[PDB]
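Chain by chain, the residues:
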Amino acid sequence: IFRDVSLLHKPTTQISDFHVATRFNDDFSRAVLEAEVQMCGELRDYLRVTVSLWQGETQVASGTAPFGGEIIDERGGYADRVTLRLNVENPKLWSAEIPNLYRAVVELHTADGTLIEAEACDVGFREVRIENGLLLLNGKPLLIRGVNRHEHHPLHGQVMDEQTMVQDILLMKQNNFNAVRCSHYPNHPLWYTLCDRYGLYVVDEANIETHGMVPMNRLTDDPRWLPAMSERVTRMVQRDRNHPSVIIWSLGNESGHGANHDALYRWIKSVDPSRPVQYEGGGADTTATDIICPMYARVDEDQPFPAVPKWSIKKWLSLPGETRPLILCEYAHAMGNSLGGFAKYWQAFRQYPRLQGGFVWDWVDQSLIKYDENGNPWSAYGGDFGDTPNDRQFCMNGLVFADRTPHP
Amino acid sequence: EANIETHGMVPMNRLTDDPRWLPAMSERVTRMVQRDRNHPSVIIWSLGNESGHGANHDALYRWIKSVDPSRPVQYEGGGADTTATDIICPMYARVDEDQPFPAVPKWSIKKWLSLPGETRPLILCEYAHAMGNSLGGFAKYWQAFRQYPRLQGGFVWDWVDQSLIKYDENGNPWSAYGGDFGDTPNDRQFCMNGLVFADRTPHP
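These protein sequence lines map, in sequence, to chains S and A. UniProt numbering applies: residue 209 is where the first sequence begins, and numbers increase by one. UniProt numbering applies: residue 413 is where the second sequence begins, and numbers increase by one.
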């Protein structure tokens, strides 16, 4: 029970879900915030909703309404839902350069001012679009100085605390990173928040990696797993969906390329059209990914693996018919005395417009603490716990040591 | 390739972009096609050289396409990727280094192919100046060609030395170049960029 455990008291008639959206005009001088709320329990006419935007202590906009939206089909509409659209003049944009936040409040109240309950979130204005082969944020083409980060503590195993999060966030920035890739599963809830406030682009990933199958395809192609799989993507989406830090979704990791991936990708695209979907399994360029995201592809040298080659990043873009942007999901294995060549990457990134970065692999050393014959500590690894089978050192590819101490 | 070259104008387009020059160019295009169109060796029709890019090229290229869909058209003027070519066909683009000149830069060839939007093959209409002691780096080219599909090779500049024979105080001959004929203005050795001497004896 490695993450928190909690208790929540909710009213009988309550806020079931809500999602924010923000469309903008050509120049961005104007936007609309869209909040859609659903409710649970018993629905009475005297019931209202109030969504209101705040910048600091200042009310930016407010909107009130009763439940029951638009006609959606022949059967009608949703009576337990309401969507509000609030117009905002010259909104302060959110980016990892200036994580401009607003706070948004939702009130479930009754027509006579009585408040049933309230829920909220930090809203951040921004746009993520692939356009013309380029990934744009807020109308500009991103350059992704990113890193793959694991939820790791040499002392607490995979339990996370704000301190550790926050420490990392800081190192990350100090060191010139924009983004984080949640390898390879949803992360502890705070994180998002922090990213929202500190400013980092976040790639959120479904908890799905079937690496050890033969082929890696095995399950991912099997309809029988389609349900199990589905729950791992959908729920992430229902959860993380309103965080501004999240800019792209990932189908999971190293689980080859199965029909299951394709439906879920389409799923996501229907559901939340505001963010690209990415998935690398199956060769980095499948139909299940909006972006070519190989891992370990060289700058200039090709790795012509039968079935699943690793083209030189530079060549990969001009392949016949290709037009998608390239952002490496992993690159630059940073295991112990390493990182030779980092430069090569940066120069290409800098020279090729459609090569908008990547994620170094990785952040920390997956080293664990152990004590000797005197209560003396020391860093433990693969098989140090009589663990079998084991891959020893393969757990130490971080840019910093488990205690957060920099690798040169 | 059509006999149309107005290199020396400022801008290069001055005529190619002048409706009044339409008819003239027109005929250099139309007649070439109508005479040569039956040879199987011709596989690519070109609009001339360095004449910049003008509304007249677009029209003319449209004509070709209309009348002889059997072949692609290509033209390098105005930046090598104009709407008047079916191929990116620059001259002297470097393999790995870019030359971003205003209005008409010269991207690293490998780089050019992925420029957002871009999907056409790339074949150098002129590359590797066989001028004197040259051809260095040659391989660099051969290697890209081979690694990138969309890099279809290219044409060396050029075959023969445009040198001319002259005779001395004793009727013994010698190879003369620009301005050796008291020609002014001229551009000297600039006329000798071949792979083989003007007598068909090869250069190294």
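Derived from the structure by calculation, the hints contain no laboratory data. Be aware that one or more of the hints could be misleading.
Below 27 Å or equal to it, Euclidean Cα-Cα: the simulated DSS-like pairs (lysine-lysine) are [to be verified]:
1. S:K552 x A:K578
2. A:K552 x S:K552
3. A:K552 x A:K518
4. S:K518 x A:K477
5. S:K348 x S:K477
6. A:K518 x S:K348
Here are some, though not all, of the chain A residues that point toward chain S, as calculated from beta-carbon distances under 10 Å [what the hints assert, rightly or not]:
7. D510
8. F513
9. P533
10. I535
11. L607
In silico contact screen, one side only, chain A against chain S (beta carbon under 7 Å); selected entries [to be verified]:
12. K522
13. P528
14. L547
15. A551
16. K552
17. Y560
18. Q564
Where is the CB? At the ideal position from N, CA and C, for every residue including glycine.
**OP:** Would you list, in rising numerical order, the hints stated earlier that this structure does not obey?
**Re:** 1, 4, 8, 10, 11, 14, 15, 16, 18
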